[PDB]
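In the form solved without this ligand, a lone chain appears below as C-alpha cells.
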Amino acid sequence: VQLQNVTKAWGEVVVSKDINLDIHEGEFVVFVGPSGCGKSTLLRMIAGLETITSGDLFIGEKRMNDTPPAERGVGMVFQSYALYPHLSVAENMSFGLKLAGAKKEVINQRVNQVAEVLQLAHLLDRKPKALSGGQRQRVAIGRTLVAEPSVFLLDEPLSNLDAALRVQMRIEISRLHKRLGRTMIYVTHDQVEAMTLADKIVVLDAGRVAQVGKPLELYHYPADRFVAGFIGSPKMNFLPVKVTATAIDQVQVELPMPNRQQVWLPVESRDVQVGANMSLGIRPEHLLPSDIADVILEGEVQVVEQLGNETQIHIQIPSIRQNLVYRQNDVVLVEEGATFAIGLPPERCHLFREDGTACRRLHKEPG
C-alpha cells in the first residue's frame, strides 16, 4: 500500500491535503490524531468507500483509485459492525472468504481456529441476537480474520470491548499480525494500543500529515509543537521562554520563574534568534523530584490525584499562567495549598519556535 499526493475536498472544504504514505508489505501502521484529523476518511479513501479527488493510490502495486471496494484486496471492520441477522455466528465469520473459498475444508478450519482465539468456540451455532454486544463485535472481527485479506483495515475495532478483554484481543491481534505477515492499518485514540502495535505511526492533523515515524521516535523527537502536545496523555508542559544566547548546537533560554534563571539546552540551534520568544516543553514524567536541584521550579498545589500506582500533582507557579503537571511514582502525600518543588532536567527539554517547529533535540535517547 502506497499514497502519492492523495487529496480530497468538496469544492473548497479540504479534508485530505497532499498525503504521501509509503506503507511496506507486512508493516503494522497506526493512524492517530484528533476529532477532525480526518483519519477515518483516509482509511475509507483507501478501501474505495470514499473518492480520491486527486493524486494516486497503489495497492499490491497497481493503481487502485477506480477499483470497486470489493476488488482492492483489503478487508475491514470498525466501531460497531452489524452482523447478518439470519446467519449463525459460524455463518458469519466465514461469510467473506466464502466469497472465493476452498470449500468447507479451509473455511471450516480457519473458522474454529480463529474462533478459539476470540473466545467464541461455544457460540458457533447461535444467532446474532441472543448474543452479547461485545461478542457480536468480536464476531465482526473474526470474519475479516478468517478471510485473511491482503490488507487489513481496522477502525477502532475494540472500542466496544471493556478493559480486561481488550487486552487479550489487543494481543491476539499482534499474534495474528505476526503469523500472517500481511499489512495492517489501524485507527485509534488509545495511545497505548498505538505504541504497542505499530511499527510506524502516522499522526494526522487538519487533514494534513503532521508526522510519521516509529513510536519512540514521535515520543522522544516530536517534529513540532502539535505532535509534542498530541503524543503522551498528561500532556507535555509548555513554558513561554525567551532565548538569551546561541552557540554551535546549544541555545540558552530564560525561564518564566522569578530570579530570571537562564538554562542551556542541547538543541539544534539552527533557525533561532537571540531575543526570540519561544516555547519550552517538558513531560510530566521527566520532571525531577527536586532532591536534584539545578533549576528548580516551585509553586503552590492546585490539584492532586491519587491513581494509586502514581500521583499526578498540578502545581501553580506565579509567572506561569497555566499549571505545571507532575507525575511521581507510588503515593506522595501532599494536600492542596501546600508548596511543592520539582526539578527541570535540561537534556529532556524541548524547544519550539514561534513557527511551532522543533529545534532538533541533540540528547541521544536510548531506543
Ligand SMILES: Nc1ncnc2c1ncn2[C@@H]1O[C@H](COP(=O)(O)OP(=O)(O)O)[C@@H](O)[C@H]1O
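Residue numbers count along the first chain shown, from 1. Heads up, when I say rigid core I mean the largest set of C-alphas that superpose within 1.5 Å between the two forms. Compared with the form deposited with this ligand bound:
- Measuring CA movement between the two forms with the rigid core aligned, the set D56, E300, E50, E27 has one residue at 2 Å or more: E300.
- A movement of the C-alpha atom of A100 reaching 2 angstroms or beyond is seen between the two forms when the two forms are aligned on their rigid core.
- After superposition on the rigid core, the Cα atom of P68 is displaced by less than 2 Å between the two forms.
- If you fit the rigid core between the two forms, you'll see the Cα of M257 move by 2 angstroms or more.
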Second form
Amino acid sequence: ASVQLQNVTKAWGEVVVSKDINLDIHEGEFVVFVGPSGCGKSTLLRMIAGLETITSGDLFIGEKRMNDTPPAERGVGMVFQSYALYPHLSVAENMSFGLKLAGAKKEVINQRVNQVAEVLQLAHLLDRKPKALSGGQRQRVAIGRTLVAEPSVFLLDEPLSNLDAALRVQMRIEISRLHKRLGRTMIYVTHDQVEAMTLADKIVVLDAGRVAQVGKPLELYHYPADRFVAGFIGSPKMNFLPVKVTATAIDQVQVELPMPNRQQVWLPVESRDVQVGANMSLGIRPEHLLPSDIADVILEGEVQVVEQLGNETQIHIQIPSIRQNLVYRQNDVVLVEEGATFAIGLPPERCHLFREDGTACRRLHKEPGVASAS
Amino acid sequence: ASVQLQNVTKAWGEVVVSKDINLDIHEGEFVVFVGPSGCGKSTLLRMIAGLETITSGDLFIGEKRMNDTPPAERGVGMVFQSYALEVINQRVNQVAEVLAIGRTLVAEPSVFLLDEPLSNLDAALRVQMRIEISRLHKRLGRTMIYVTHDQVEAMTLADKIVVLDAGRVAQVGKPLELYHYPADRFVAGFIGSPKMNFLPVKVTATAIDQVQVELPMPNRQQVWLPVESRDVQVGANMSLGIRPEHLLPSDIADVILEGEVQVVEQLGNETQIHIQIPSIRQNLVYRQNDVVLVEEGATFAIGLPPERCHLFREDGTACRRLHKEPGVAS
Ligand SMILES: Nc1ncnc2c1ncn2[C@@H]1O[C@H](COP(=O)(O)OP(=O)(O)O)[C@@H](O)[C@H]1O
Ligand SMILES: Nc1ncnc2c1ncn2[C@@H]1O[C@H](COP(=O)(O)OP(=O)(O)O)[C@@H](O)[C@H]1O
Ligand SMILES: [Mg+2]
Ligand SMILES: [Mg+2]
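Given the form solved without this ligand above, I would also like to look at the protein as it appears in the form deposited with this ligand bound.
Now the complete complex, all chains and molecules, led by this one.
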C-alpha cells in the first residue's frame, strides 16, 4: 500500500524510456497509466515490481525504499497480457497459487477462489486444465490468481487486451467493484483512454517516457495541459484548427480562424504567455460543437462520412474554410446523407488553445465535476 | 463478385460449427460477421476461401460453385493482423491513390476477406484504422467480408451485419435494423455499447399491435407497449428490454423508476449511472450526455419510454416493435 516514485528514471544505453517520474500513489488509490505503445508503461510497472532496475531516483512502497528489494519481497502482485498459466495445474490450482506461497489457511483459500471464480465467470471450469480453456478464459484465470492473492499492491499491465470487446466491458465493471470492496492500492496500465476514464481515481498520461499530466478523469478531459493530452483523452479525437492570435486582454485571448474564413473570436483563456501574431492551435471536441440555430460563430461544410451508431451520429464535415474535417457528434439518429451541406456552431467557452510548444492556455470557463476557484 | 451461401453447414465429427448458413452477399457490399470468439467467424471465412471444406450446402462466388475448387483459383484475397512486408506500375500507383492491404488490393481479388485486422493495435490506432477502411471502401467498391468480435467495428464499418451465435445466424441486416429491431435477446444484448437493460415482466393484456405488461416493482405499474401481439398470452413471463441511452431524464417523467445510485462513471462526453431500483436485481444502467453530478447512494429517478421498450418471449424471440424509428425503412 502507498507507492512513491521520486525522480525515477530509466535508460537503456543512451536511450531514456522513463524520465524523472514523480508520483505519490496514496494508499488504496486506483491509478491508471495511459499512453500509446512505446511510452514506457510496462517498463514503469516492471520497475515497481523489481523486474527491471531503476537507473536513478527512488522508489518507495509502504514508506520503505525498494530499489534493491527482490520482486517477491515487495508486497506486489502482477498480472499482464497473455499470461502463461502452469500447464499441469487445474484452474483452481492456478488461482490459489499465489496465496499458497504466501502461506494461508485452506479455509481462506477456497473462500476466495470460489468468490473470485463467480465474479470472473469461471466457477464451472474450476477442475479443468488450462489446455482445455479459451484464450479469454486463461487470461481471466491469470487475473484471478492475483485477485485471490490480494497483494498490498496490484500491478496490472493491459490485463484485458486478450478478451472479446463484450468481456472487456464486463471485466472493467468487475475490476471496479473489486477495488471498492478490497480498498487495495492498484496501478493499472492501458493504451485505451476509455478504460482509464472508467476505472481510475487518478490518471497519469505518459508521452514517450515523460509524465504529460496527472489528474482526475474530468480534470484531464476539461483542462488538458497540452495538445498531447487533449488529443489522447476523448473517445473520438478533439478537433484542432490552426489559428493566429490577433489580440489579448486580461484572462482573454482573441484569434482568427484559418484560411479563407478569417473570422475573429474571443476565447476565455489565460493570456499568460501569449503574444499577438502567435500561430496557435484551437481545440474543440466533437461533442462540444453546437447545432447552429445561430451560435455567433458558424462553420458550414460538406459531409464526407456519416457513422450511425444508434445511440449517436458522428458526422465528418469538410469546411470550405479548408481544413481536415471537423468531426461532429449528436445524440440519437441524425438524418443526413454523405454529401449534404452541414453547418455547426463553435462555442468559445468550450474551446481550448495550445501554443506552438504544445502547452495550453488554461481555460477559465468553469466546468462541472472539477473543483474550481471562487 | 457477389458471394452466396446456401444451407452451408460445417461439421467436425459430432460438432457442427456452421448451422444451415444462408447468406446473400451482393457485389461491392461491405459485410461484417460479428459474434463472440468461438462462434464460427473464422471457419466461415476459410470455407469461402477454400482453406476449409463445406460439409453440405452450396457456395457461390458470383455465379459458380466453388465448393470443390482449389483456393488459388477462387480469386479471394485475405488479410490478418499486420503483414509480412507498365501494368505493375499503373495498378500500384492506382491502388496507392484510393488508399499491406494494398498488396491484396493490387491483386484485385473477386472478394476481399479480412479476419480481425485491427486485432492487436492500440485503441486510438483501431479508431483511425477503421475510418481508413471505410474510406477505402467508399472509393473502391469491391466486395468485402470482415470478421470481428467487437460490435463497435460492425456498427461502424458494415453495409450489412451478420450476427453469429454459436454457429447459427441470429440476424442479418443493416446496422440500424439490428440496433432498432433486434430479432432476439441475443442480438439485443450484443449490439449496443453499454448493454441493453433487461427487466422481468408479466403480461396482463393484449390487443391488435399492442401488449400490456406489469413491472416488478412493488408498484407493479402496468404499461402498454407498441409491439406485435401475435404470440403473446396473458400472464406469460417475459423480458422487457430498454437501452441505457433511451431511458428518460426525469423532468419528462411519464413512467417513473426511482432507486439508489450504485456507480457513477464520468466519461466527460457523457455520464453513466448504475441504479438499484428497490424491486429488481441487477442495477439499471443509465446514460446521459455531458456531466451529471450525482453521488453514490443518492436517490435518482428516471423514466421508461414505452415506444422504446423491446419485449422478449421466454424463448428469447422478440415481439417485433411497431414504433417507427428514423433511419430504418420498415
Ligand atoms: N530491454 C530493453 N532494452 C532497450 N530498450 C527497451 C528495453 N525494454 C524496453 N525498451 C524500450 O522501451 C519501449 C517499450 O517498453 P515500455 O516498456 O516503454 O512499453 P509500452 O509503454 O509500450 O508498454 C520502447 O521504446 C523500447 O525500445
Ligand atoms: N479443426 C477443427 N477441429 C475441431 N473444432 C474446430 C476446428 N476448427 C474450429 N473448431 C471449432 O470452432 C470454434 C472456433 O472457430 P471459429 O472458426 O468458430 O472461430 P471464431 O468464430 O472464434 O473466429 C470452436 O468451437 C472450435 O472447437
Ligand atoms: Mg506494454
Ligand atoms: Mg476467428
